[PDB]
Structures are given as C-alpha cells and as structure tokens.
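Just the one chain here, the form deposited in one PDB entry, laid out as structure tokens.
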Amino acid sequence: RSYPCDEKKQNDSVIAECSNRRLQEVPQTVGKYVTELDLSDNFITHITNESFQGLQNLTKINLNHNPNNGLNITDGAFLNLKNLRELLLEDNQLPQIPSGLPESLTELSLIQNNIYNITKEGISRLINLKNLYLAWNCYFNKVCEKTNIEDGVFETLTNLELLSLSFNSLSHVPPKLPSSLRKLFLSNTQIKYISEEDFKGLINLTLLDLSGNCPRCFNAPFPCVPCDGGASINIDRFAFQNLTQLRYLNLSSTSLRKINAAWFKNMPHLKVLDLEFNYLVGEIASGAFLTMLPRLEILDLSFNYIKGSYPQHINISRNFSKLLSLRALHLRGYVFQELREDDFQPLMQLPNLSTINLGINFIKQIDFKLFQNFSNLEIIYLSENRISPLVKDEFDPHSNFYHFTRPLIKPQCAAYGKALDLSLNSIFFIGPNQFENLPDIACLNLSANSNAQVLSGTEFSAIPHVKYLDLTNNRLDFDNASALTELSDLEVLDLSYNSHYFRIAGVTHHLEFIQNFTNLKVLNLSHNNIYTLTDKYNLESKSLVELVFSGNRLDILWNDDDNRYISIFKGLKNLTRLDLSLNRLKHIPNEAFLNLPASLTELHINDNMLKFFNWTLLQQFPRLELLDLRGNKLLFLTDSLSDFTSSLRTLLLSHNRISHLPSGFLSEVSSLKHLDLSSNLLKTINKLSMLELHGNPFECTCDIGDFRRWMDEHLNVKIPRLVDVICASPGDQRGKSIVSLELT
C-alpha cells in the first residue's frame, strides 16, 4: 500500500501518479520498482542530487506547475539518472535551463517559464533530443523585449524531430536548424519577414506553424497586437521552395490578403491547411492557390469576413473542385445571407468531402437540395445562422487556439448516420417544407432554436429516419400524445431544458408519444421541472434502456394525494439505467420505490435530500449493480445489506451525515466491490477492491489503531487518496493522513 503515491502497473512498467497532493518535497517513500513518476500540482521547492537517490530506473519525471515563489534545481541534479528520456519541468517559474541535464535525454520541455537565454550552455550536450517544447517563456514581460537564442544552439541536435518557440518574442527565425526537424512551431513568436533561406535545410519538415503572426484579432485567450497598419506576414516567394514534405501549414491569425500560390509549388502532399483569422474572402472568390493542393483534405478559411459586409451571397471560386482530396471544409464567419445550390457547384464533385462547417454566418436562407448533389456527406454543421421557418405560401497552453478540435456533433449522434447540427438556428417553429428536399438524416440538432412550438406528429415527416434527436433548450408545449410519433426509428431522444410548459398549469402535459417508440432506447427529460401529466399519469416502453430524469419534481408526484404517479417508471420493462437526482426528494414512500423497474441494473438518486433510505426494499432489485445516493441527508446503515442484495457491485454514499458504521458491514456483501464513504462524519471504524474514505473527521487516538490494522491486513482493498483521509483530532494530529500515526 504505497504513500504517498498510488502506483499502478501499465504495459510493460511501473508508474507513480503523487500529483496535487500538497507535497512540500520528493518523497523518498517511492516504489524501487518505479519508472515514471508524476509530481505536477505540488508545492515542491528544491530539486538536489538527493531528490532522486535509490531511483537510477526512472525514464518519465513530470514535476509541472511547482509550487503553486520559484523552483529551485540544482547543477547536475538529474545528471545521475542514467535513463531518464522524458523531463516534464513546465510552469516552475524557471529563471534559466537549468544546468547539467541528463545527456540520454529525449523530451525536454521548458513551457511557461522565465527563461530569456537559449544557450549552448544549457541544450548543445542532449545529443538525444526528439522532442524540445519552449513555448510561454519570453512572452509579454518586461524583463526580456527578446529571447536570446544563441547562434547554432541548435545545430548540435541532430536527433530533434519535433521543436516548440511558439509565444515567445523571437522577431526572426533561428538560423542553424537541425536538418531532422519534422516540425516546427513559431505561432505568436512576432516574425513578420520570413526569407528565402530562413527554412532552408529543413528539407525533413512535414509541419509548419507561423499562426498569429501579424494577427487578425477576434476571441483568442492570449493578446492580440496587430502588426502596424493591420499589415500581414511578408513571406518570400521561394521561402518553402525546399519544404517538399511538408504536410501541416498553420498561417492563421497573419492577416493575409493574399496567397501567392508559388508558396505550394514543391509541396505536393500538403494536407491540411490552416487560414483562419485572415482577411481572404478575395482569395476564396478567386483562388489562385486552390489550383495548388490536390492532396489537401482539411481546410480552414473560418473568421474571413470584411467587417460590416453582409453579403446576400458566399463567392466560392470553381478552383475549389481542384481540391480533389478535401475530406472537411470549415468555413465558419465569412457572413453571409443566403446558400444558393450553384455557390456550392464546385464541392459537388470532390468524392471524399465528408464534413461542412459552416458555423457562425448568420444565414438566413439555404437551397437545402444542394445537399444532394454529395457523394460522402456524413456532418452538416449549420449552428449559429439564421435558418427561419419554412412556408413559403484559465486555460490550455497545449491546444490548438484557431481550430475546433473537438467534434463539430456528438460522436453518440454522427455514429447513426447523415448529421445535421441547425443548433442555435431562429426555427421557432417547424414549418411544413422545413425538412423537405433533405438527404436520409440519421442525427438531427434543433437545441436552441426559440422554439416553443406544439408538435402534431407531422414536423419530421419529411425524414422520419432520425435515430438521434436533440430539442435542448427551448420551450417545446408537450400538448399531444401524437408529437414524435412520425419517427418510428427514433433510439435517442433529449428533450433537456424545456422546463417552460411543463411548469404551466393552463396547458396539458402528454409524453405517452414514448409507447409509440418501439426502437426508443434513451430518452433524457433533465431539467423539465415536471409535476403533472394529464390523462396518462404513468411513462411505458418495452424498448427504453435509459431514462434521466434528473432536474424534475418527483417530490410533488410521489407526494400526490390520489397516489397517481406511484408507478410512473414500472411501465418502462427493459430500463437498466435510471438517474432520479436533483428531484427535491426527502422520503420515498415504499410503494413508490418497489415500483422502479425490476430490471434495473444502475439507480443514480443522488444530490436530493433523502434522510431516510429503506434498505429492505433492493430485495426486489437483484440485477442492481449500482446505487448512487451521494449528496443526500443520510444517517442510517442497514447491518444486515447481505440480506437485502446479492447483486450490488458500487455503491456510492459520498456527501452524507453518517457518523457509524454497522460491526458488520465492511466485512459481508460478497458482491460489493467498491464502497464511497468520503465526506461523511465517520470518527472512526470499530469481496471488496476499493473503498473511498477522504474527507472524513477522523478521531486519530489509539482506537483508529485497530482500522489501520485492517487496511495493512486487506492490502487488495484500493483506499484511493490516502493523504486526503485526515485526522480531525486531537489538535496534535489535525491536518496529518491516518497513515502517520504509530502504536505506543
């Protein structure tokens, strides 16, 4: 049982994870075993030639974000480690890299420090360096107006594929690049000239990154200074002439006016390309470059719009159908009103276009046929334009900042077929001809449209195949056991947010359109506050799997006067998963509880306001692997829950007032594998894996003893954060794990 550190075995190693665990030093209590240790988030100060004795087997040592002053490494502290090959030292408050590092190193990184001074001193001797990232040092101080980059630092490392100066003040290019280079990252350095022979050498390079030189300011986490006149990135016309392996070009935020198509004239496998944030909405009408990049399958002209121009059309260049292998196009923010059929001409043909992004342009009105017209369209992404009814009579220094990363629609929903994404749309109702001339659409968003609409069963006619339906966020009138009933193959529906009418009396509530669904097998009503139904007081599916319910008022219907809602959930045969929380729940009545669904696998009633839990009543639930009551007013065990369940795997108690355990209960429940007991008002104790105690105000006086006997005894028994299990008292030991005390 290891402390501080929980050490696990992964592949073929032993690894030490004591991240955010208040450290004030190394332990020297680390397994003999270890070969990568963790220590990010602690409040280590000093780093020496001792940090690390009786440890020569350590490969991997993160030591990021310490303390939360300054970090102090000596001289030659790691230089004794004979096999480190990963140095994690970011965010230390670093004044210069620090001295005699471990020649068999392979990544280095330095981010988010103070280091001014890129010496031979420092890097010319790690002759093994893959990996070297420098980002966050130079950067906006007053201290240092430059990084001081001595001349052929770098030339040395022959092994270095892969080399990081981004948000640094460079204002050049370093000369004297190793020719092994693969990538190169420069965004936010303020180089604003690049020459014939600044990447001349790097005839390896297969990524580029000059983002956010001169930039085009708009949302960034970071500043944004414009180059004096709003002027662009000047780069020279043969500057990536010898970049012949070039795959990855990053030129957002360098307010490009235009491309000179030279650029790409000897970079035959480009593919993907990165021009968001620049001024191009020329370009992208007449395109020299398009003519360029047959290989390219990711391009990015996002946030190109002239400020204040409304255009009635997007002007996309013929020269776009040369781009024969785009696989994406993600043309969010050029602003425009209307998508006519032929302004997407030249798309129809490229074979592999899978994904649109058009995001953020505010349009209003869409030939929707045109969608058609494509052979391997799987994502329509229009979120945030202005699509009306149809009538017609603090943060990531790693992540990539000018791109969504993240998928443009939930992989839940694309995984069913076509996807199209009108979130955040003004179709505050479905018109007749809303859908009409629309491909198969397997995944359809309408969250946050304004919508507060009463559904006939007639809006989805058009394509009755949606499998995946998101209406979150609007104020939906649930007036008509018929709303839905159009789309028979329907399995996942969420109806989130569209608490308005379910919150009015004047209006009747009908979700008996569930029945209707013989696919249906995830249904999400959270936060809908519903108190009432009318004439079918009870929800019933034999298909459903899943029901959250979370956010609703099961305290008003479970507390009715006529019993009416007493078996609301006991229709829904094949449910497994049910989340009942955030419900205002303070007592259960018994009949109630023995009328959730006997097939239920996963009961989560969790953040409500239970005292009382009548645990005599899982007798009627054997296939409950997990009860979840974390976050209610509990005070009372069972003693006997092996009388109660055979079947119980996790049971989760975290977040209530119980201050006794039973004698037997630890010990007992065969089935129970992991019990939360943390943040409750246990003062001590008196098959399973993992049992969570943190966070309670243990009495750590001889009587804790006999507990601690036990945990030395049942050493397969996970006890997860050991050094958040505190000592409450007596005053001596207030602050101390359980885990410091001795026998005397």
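Residue numbers count along the first chain shown, from 1. Here the rigid core means the biggest group of C-alpha atoms that line up within 1.5 Å when the two forms are laid on top of each other. What changes on going to the form deposited in another entry:
- The one residue among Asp479, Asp560, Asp236, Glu150 whose Cα position changes by 2 Å or more between the two forms, with the core held fixed by superposition, is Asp560.
- For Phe429, a C-alpha deviation below 2 angstroms is recorded between the two forms after rigid-core alignment.
- A movement of the C-alpha atom of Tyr279 falling short of 2 angstroms is seen between the two forms when the two forms are aligned on their rigid core.
- The two forms, fitted on the rigid core, differ between the two forms by 2 Å or more at the CA of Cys138.
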The other form holds:
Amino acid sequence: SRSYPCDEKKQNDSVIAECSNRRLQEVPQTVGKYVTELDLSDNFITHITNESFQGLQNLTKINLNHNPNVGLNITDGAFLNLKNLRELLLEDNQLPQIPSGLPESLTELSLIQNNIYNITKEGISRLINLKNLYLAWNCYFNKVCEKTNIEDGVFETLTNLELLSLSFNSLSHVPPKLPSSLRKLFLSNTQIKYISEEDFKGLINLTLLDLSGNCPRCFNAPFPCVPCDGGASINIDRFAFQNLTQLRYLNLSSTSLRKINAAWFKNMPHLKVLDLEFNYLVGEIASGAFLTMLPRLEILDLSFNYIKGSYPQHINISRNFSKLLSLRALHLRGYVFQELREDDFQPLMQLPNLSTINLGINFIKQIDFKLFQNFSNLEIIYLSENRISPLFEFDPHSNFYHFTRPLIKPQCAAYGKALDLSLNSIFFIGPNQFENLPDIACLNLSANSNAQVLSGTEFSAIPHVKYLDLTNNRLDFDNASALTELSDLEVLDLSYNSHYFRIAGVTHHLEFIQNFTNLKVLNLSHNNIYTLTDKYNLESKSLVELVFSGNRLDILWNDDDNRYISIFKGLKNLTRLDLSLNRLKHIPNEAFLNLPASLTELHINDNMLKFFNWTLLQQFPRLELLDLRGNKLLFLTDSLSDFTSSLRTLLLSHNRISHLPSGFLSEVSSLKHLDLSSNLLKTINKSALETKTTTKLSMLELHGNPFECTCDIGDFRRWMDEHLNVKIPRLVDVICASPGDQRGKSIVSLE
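Structure of the form deposited in another entry, please, following the form deposited in one PDB entry?
This part shows the chain on its own.
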C-alpha cells in the first residue's frame, strides 16, 4: 500500500498524486483509482491513448505539461472515458494540432507553448463547458511558424467562456464572433495594428482587455521586436471601447501610443488599473486630457515612456493628475529626468489613497526629499536604481512588461513607511541626508558603495527605523556606537560588507550589536569575518536569529587560537544560528559547548566537516533542528538517544556516511524528520531502525544512496511495508547501484 511511482497527498478532502519529474517514459498504471488530480508533468512520456487513464473515476485534473522532456502523440478521444475531467494542461508538448476528441466536461484547457497554428471548430466548438482557454505562445519572435488561422465563429459556441488568451500568436485581427460571456481577453503580441468599432461590441461583461505589444516600441528590446511600419501607433477606433462599461484592467503597454484619446475612457467609470508602459507618453503625461476621465483608477503604470536620446532636468507632470482620486500606486520608471523638485509633484500631493510612488531607473541625480512629507498617505517610496548622491526565457504565466514581485520585501514593509534608496550613489551619509523625511520604519541603503564609518549620528533624523538593509556596500565598522541612534531596530542586514573585514591591518568593531534593546534579526553573511579588534565576542540580550554564513570560522576557531572560543556565547536569547559556508573542517569542542544553550535551530551545512561530536548535543536541551547537510561526515554515533531528547529534524544529506548504526533510532522519540539522502549507504540492517518504545518518525529521505539490491536489503523492504506512517519521498530516486542487473532499478521493486 505504498504509493508508486507517484506520491499521494491529502488536499481539501480530495487525495492528489504527484508524478512529476520522475523520468517516466509513459503513464503509470499504478495510480490510485481514488485520485482527483494527477501531475504527470516533466517526464519522458511520448504517447497517450484511451488506455492510459483507465479506471480513474473521480479524476478532475491532469497535468501533462513538458512532455517529453528534451513530440507528444495523443490519440483521437484518448480522454473520452473520463466523465469527471475538468482541467487539462497540455503546455510545451510540441503539439502540431489541438487534440481531437477532447471531452465536453472540460472547464479549462491550456495548450500554451505548442506548434498549433490552427484553431478549428473540429477541436474546439464541441466543448461547451469551457471557462478558461489558453492558446498563448504558439507563434512568436523568431520562432519558425505560421500565422494563426482562426476559423470563423470557432468561439461563438462556447457561451460559458470567461477567459480567452490568444497572446503571442500571429493574428493581425481580433477574432470575430466572441461569446458575450467573456470576462478576460488576452490579445498581447498578436500583431493587430488596428482595433475597429465592431471588434469588442458583444462583450458587455469584459473585466480585462490585453492589447499590449501590438505595434510595439522596439528600441532596446530584449526580444526580437517588429514595429508597425515607420513605428506607427496602434490604431484604436474612437468608439472601440464604447460598449465596455465593466472594464477593470486595460493593458496598452508597448502599443507605441503618442496620444491617448480621453473618450476611450468615457464609458469606463470603474477602471481599476491602466498599463501604459513602453509607449511615447512624455507629451501626454505633461498634458493628459484622459487623466480627467479616470476617477476610480487605483494603479497607473506609465513606466518606460522616455524620449529617446533625452536627459531632461525635470519630469513634467500635468495638474490633471490631481483628478486621479482613487489612485493607490503610481509607476513612473524609465521617464529619465535629472532632478526631482518639490513643485513637480504638486498634483499628486492631495490624493487621499496614494501609497506608492515608483521612480526606479530614472537616472535621477538629486531629489528634494522634503516633498514626500507633503503627501498624505505614502507608505512606499521606491527610489531604487538611480544616480542619487550625497547631500524559452520568458515565463508564459508571468507579466511580460514588468516583474510582479513586491517593490519592498514584505518583512520590511510590514514595519511601516518604507524608503528604498538602494542601488544608488550615496557613499556617505552626511548630517542632513535624511532630514524632512516621514517617519521611516523601513530603509534600504543596499548597494550604495558606502565606505563610511557609521558613528551613531547618521540616522538621528529617522530614529524609528525597525528594519535596515545595508547590504552590498563597503562599510567600515570602526565605531562601537554605530547605528545605536536607532533604538527600535529589530532587523539589521549587513550582508556583503566584506571590503574592510578582509583586511587584517585595519580595525574592525562589531560591539555596537549589544546596544540594541529590541534587536531580533542580524545578518552578518558573506562579510569574510576572520578578525576583530579588542572585543572578540558578539553580545545581545535580545537577539533571536544570527546569520553568520560566508565568514571564516575556520580561522576564528583555529586550533592555536583561544580568543574567539566564546564568540556566540553572549547571545543569550538566540534560537537560530546559521554557521554555513564557513569552511569548517572541525569545530573545537569547547567552541561548540559555547554556542548558546537557547538554540532551537542550528545550521552547520555546506562546510567541510569530517568530524561531529554528538555528545555535545547534551548541552542543548532546546535544539529541534540540526542541519549538517553538505559536509564530509563519514560516521554516526550509536548513542544519539542519550545525546538529545529534543531533536525533531536531522539533515545529514550530501555526506559520506556509509553505514547506519545498530539501534540508531532506539529511544529517540523526538525525531520526526531524518534526511539521509545523497550518502554512501550500501544497505540498511534489521536492527538499524528498530525500537521497542514509541517513535514519532514521519519522514525518511534515502534518495541518492547506492543501495546493494541483493537479499540483504529484504529486511528494509519489510520495515518499509511494516511502517507506512513513515513517508519515503522520491522512491524512484532510491536506486540500486548493485547487483549489475539491478542497476538503475528502484529498490521498491525486487524478488
């Protein structure tokens, strides 16, 4: 009753099977007949008939995507026997045609990233229960392909269809006779140079229209890009939008617009979000009649509208921006101006809800920072990637014109008002740098090439910063009072400040750490710390988490040196310590005993450790997680039960362990998750995993071990059959290296 090759899961009272990435050459017939969802994606399967899915009654969803990995053949009516089938995902299979004989039970069908140039009534019209249909990315860029032929009224007969995506195919015309049920319609990069009055008429319900990339703006495009003749603007009929009163989302990005007709929006009182990126809008941003027509708009994206070859002193914002009442986020990137003056943003200052200004990639040399104060609600000021100084490669499921991730890390933003100045030129913070700013809880100074010695006065004008990102500078920590003006500081990120730490001759002072009452998280990673001046110890009463990865503890804890022996002992509250990537061959016993006893989580992974003294765990009563992955360890104690009562998770993967000690797990009742994968194990003995008392072990990962498949391994199989409460993942990757005839086979199949 151990599921193979697939893994069985429990989700919303329905059990699902994950067969993905298992190197399968066909549809496994061992799939449990009770499964409602089946993921076959990323395998070698070359064929599908009506015999593949047999016996599966309740199956509602099948993922066949990315098959074969590195010419999928589907028969006519291969899916026909499946009555309960809802969602079918065929993406990236090199299908020359829409498969015929698809069931009429389909509510969702994704053919994305295939060779299909023909949308036919024969394959489509019969399925009337379709909600979502994904045809995108069949013909695009420099791919060898044909123009998409859409047979007349192929879509007319799906009267339930709420979503249609034809994006990234050669179309040249909006398809006629679209069902009035359409909610979202994606026409992006379809080569449609003209939008008529007739095109969208029947759609009274449209929530979203994507016309983007038709007559694109092609200068400096990171994809093969073909403009309309002379680089003309897309032609939109004055009345093209008259009948869309429900539109929430309009994507006009990269349509080469020099002009917005305000009457496009006349009939769109509720428009939420308008994507205007990659057009020529500098003229419209300055005048902009259409901005009077957008009272409910929450998100405006004007990014990359810059005039080629122009570096203007200031950005010209129309007073009519003040008419955008509901505006939440304003995105202006790639406008390209020299200087931000307080009076240039005047139209934005009265807007009640505007929480976000995105000025990224403007090459801005200077900003009058007092201007953000005069706004009302700003929670996010994103200045990243400017010149501010002191004083298939494309994911088909992603937005094509910008990244969709948060501008600021959620963990920083959740503290309060956020100012992101990262990837700029502020190499020295003077006395007046932060004056007349709002009360900033979240500050990103990352990547400023800052070489200064922070003296304790630099942040006085913004004392309430909780989260400070100083990463990727060259900071010189020469002052014990550094940063201590921020008394409320919770998270401090010092990563990638290695510049001065690497020099033995200059002085290094980390003592300021102890001066914070509320400091919770400190990241010291990749600083190359091997030496400190006069004070060898880190000390904090508050600190919870310390990331020390990417430093040299191999030097600090060198056998001939007593000085750093207590380096972490003074962090009295510490529950999480990351020692990874320290080049550690061995940790001196006394050094390990000096780690804080409060630790619940300890990462020693990705070092060179040949040696671990397990006895020392006796001094860490709270330790739930020990991560030893990526070391050289050849040996396991047999005594672990007397070393720890607390250890829940033990990660040993990618080590040299050749053997599992008799009664390895005897009496260790704490241990839930043991990862033995990617080791030297030849086999596992009877007495190895046997215990008389209770055990909560729920997961054991053996994959990547060179098991000897002779009868010696029989007992382990018998252990596996006896305990099914212990989950063993990727059974297909648990593989017999010997005997010669068993090579490549899974250890779960044997005489």
